[PDB]
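Trainee: For reference, the chains in residue letters:
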Amino acid sequence: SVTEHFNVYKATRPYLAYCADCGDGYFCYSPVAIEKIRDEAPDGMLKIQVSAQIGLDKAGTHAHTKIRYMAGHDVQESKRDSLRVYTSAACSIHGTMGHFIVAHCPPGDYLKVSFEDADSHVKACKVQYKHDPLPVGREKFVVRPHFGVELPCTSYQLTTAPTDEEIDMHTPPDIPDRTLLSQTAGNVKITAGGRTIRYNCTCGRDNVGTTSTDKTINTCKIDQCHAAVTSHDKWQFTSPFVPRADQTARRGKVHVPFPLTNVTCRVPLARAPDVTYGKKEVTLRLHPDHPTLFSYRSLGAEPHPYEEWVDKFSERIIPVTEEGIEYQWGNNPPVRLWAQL
Amino acid sequence: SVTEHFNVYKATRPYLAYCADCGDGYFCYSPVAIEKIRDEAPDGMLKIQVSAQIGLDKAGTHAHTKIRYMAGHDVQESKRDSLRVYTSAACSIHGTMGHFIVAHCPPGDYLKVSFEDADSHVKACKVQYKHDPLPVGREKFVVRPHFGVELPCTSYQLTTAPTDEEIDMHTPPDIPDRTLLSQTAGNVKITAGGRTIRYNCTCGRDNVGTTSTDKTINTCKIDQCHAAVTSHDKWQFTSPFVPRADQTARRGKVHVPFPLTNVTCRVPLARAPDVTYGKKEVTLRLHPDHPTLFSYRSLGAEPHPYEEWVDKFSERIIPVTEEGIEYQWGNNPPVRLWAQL
Amino acid sequence: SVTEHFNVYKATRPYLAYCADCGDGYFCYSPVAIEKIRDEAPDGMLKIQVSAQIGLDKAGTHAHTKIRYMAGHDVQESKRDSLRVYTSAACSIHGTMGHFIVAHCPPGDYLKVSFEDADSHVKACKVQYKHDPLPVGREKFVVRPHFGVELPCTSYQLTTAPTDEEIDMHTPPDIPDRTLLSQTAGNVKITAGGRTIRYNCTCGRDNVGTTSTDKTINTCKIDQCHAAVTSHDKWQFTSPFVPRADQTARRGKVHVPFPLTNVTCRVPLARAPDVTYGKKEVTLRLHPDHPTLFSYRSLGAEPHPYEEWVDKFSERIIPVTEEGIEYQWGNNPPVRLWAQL
Amino acid sequence: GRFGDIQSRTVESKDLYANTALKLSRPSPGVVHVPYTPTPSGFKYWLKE
Amino acid sequence: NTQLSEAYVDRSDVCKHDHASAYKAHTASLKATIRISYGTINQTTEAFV
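Residue numbers (the deposited numbering), protein chains in the order written: chain E, 1 to 341; chain F, 1 to 341; chain G, 1 to 341; chain A, 198 to 246; chain B, 100 to 148.
Keep in mind that the hints were calculated from the coordinates and are not lab data.
It is possible that part of the hints are untrue.
[Unchecked claim] No more than 20 Å apart at the CA atoms, straight line, and that leaves these computed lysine to any residue pairs for SDA-like: (1) E/253 to E/164; (2) B/115 to F/142; (3) G/312 to A/204; (4) G/130 to E/88; (5) F/112 to F/25; (6) A/241 to E/295; (7) F/130 to E/204; (8) F/279 to F/324; (9) G/130 to F/142; (10) E/66 to E/88; (11) F/140 to F/104; (12) E/130 to G/142.
[Claimed, not checked] Not the full set, but computed from the structure, chain F residues with beta-carbon under 7 Å of chain E: (13) 20; (14) 21; (15) 24; (16) 25; (17) 27; (18) 126.
Beta carbons: idealized from backbone N, C-alpha and C, even for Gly.
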């Protein structure tokens, strides 16, 4: 249960993950991380598991224009409207909460997420993010403002729920920020800020020191003074290319958003064409719509099961007889195929 | 007629009303509507007419920076660029007249209009009217920047088109909006505010009737003595997704922008392969180009024609008769293949 | 020599021409357009050529905020966001060098070069931007972020060359100008400027005067008045559909920044299915991926070769002889079918 | 990766079978990569079917 | 209460030029420009056929 933002935001000074496609092909610890995606939608209001307190600023609750961009180039509030999505198209994030961001996009295969106001020059960490449409209903459109249904399907929650599960990361800091050392020749000096520089002297058995200030290593300097990124205060859960194998099992457990409810979506119910139920036959001359799903069942009879996606109006073979046929074409009731007399 | 822009725009200034797709999975009372598309200028002159005055400053005239949207919570007279006709694309920015924006824009089924200037931070209302033209000429391109053709077609009107279009309003404004309610117990303490507000109640001539000032209204309190801002000062469009509870069946007529006429256009001139004409044979090595209608017609003979809207470097099999082949493809001229030794 | 490519923009001050589309619908003066292409893409670095000094400032400022475009109505100095990738999307632009601009992007046919750095909204030199996939590997996946390949492809490399190629610039053109000067009653009472404007009067000695300081020439007015506005430091040879009788039939060269070279990349090594080498026949079954060639090869024998660049998870019997086969299905080693045991 | 590759004993119960091809790789050159590769998702594959 | 809705389908005025004709068939014409070369009378002659 995570129904207050306060401590779960007050813990997380986050780090940038190893991203081999941010720009052209450049790869480094990008300050906004793209951990996973989450399918919580009947349609796909997708909730990507992201790198900071996603909106969770240093202000405890989120400032909506204070997007908690969290790198060693610090945990600060960039202009929170600068966060956007590239789904192969400008995505429609309804919200962003926790270490996730939840909203719709053009449902497809080309993942990208963007910080703008100091979240990059343009900060677009991407993937080949396969998140398919998979629409409820035989008609292949998304009926936004009026549709032929209002049918309940398992959508996620757009109010990011506080906690029913637990994003519990482990292995506190071990990552790529190690330039806080500096060179002398026979005695190296120390002065650092911006990381947790754990030192290591080469001519010296005391050089292992976590840095917050100046220091010195006589007898061996940088170039044998190995000072690297150590930290604590979370589990920035599973940063690949970097230490998610930090050898200290010490974790942080926060919530996750989006409890799934059956949202009633505007279904595909369009007007069907002229029923050419012949005097010894059946047919249904139908029109086109968004890419439809018609159904033939061997209704009453041996089950000739048929169906179809739709992109042009066609006359379907209605099994004409007194023994019935089973029709049901795109979000409406069926046709009991009976010839009269 | 309709041949004066100013008062015919600014009489019934625009009313942001209930658009069924404004948000993530629900609509709202959207500030910018998208009413109906006028598309007959064959270069893709999609003139979408919606609930904003297309190109009108809020005080009435052609304000170049001002796009006038209005609500009873007041006129958002905002910037020009905050509307984007996201037609599967960016804004296909052509122009805008009257109550419509006329756009030559790229193809995409899930069109959108977005509003950002003083009517909201943004509002996105989409339409499925997929802007794939299939233009004039045989060829498989839309070629403006080379003069491959000047194809005769529809020039969708961009002049001062005052009176071919008529923006109407009959059964003047009918929709639900009662936001001028105030707090009382039995004599309701309402103030001035909300809209053109009447009461619909079980008592009072302002408790059930016109409130136009501060009031304590009797015989109808909060809880079941309602009120309503009805659309007045114009015959607004038809309001779709609206009611005829505004039962004043009357007349409001105004112009609509720029009906189309004749006009040339840029086109893809005919790309021909190398025809292997031989002593009893005809073949054509058609190279790949844009997917163009090659029309190898019977030249004077029985005209069983080879048609194709083809994008392949294939063989156009020229069986040359004594009648000759009529070989013309892709908006180039024909060829009269008289086949003789 | 290429130390002064700012000198290479000074001695040849470039300029866009009559461009065939600044919008979708006007053949006009496109002063900031996409003049040509240079696509040596082993890896997807297309460099579109533009007649401004894109890759330098107008005075010579090397930066994105010193973004040079050229015209006699001057070098436009933009910030680099007014470089416009509109290639069917905003492609991932590497930058600009000289006259060309290198970048990557998704596929498409409709390329747009926007030029709107502070001097306009944007001048949009559209062109048929046929950029194909041209994918490399066994698969149809394209990403940096897995450990899956070192594909040794070509790259339009990041070098600004001091000599690689020859961008040829010479023959400073002349601008058609009776409108930059002012016409008298029986003369031209006008000044020259915006070009070295040679005069041509219907009768008079204004019929030979080059323009930096005009005059009033009576007795041969407009109506027999003409002027041509030439330029000093004119080394630009590539007016495509510009007039080239700017009579210097000779060009100087220029170095070729953005040259091709050898560079590896990350690869989508396409996964292999469950392969039961059953008692009469092997049988592999593969899931969908990025669209990869499932590829059996007849090992040793008369080789049945057979691949298919598929993406739908299906099966194939390895007809596995004693000799057997080679199933290299999207970028693994060849599946060695020696069937026995 | 078949329909039911995510094996689950009882719906309230914790243990189960599982046949998704959880094949990680020993990692890449400088980036010490999680080389993880499971089978394609049988929840998503069963949604495909 | 009701939604006592009407609906007014009309000829949409983009068929103020956007019409389609269906010619019920009548006679086909013959306007002939025969180049007449009657020896030294070398000219054109055009008329109904």
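Trainee: Please go over all the hints and tell whether each is borne out by the structure.
Mentor: Each hint, compared with the structure:
A threshold of 20 Å between alpha carbons decides the hint, and for residue 253 of chain E with residue 164 of chain E the separation of about 11 Å falls inside it, so the pair holds. Distance check on the hinted pair: residue 115 of chain B and residue 142 of chain F sit about 27 Å apart at the alpha-carbon level, beyond 20 Å; violated. Taking the CA atoms of residue 312 of chain G and residue 204 of chain A, the gap is near 24 Å; set against the 20 Å cutoff, the hint is violated. About 19 Å separates the Cα atoms of residue 130 of chain G and residue 88 of chain E, which keeps this hinted pair within 20 Å; it holds.
Between the alpha carbons of residue 112 of chain F and residue 25 of chain F the distance comes to roughly 15 Å, so the proposed pair stays at or under 20 Å and holds. Distance restraint check for residue 241 of chain A and residue 295 of chain E: the Cα-Cα separation of roughly 24 Å exceeds the 20 Å cut-off, and the hinted pair is therefore not satisfied. Annotation: proposed proximity of residue 130 of chain F to residue 204 of chain E is violated, straight-line Cα distance about 72 Å (limit 20 Å). Note on residue 279 of chain F and residue 324 of chain F: the hinted pairing holds, with a Cα-Cα distance of about 14 Å set against a maximum of 20 Å.
For the given pair, residue 130 of chain G sits about 13 Å from residue 142 of chain F by alpha-carbon distance, which is consistent with the 20 Å threshold. This hinted pair does not check out: residue 66 of chain E and residue 88 of chain E have alpha carbons roughly 26 Å apart, beyond 20 Å. For the hint pairing residue 140 of chain F with residue 104 of chain F, the CA-to-CA distance comes to about 18 Å; that is within 20 Å, so the pair holds. For the given pair, residue 130 of chain E sits about 12 Å from residue 142 of chain G by alpha-carbon distance, which is consistent with the 20 Å threshold.
Hint status for residue 20 of chain F relative to chain E: holds, with the closest Cβ pair at about 3 Å, below 7 Å. Satisfaction of the interface hint for residue 21 of chain F is found here, the shortest Cβ-Cβ separation to chain E being roughly 3 Å, below the 7 Å cut-off. The restraint placing residue 24 of chain F at the interface with chain E holds, with a minimum CB-CB distance near 4 Å, inside the 7 Å limit. Evaluation of the residue 25 of chain F hint against chain E yields a held restraint, the C-beta minimum of about 6 Å falling below 7 Å.
For residue 27 of chain F, the interface hint holds, the least distance from its beta-carbon to any beta-carbon of chain E being 6 Å, beneath 7 Å. A distance limit of 7 Å between C-beta atoms decides the matter here; for residue 126 of chain F the minimum to chain E is near 6 Å, and the interface restraint holds.
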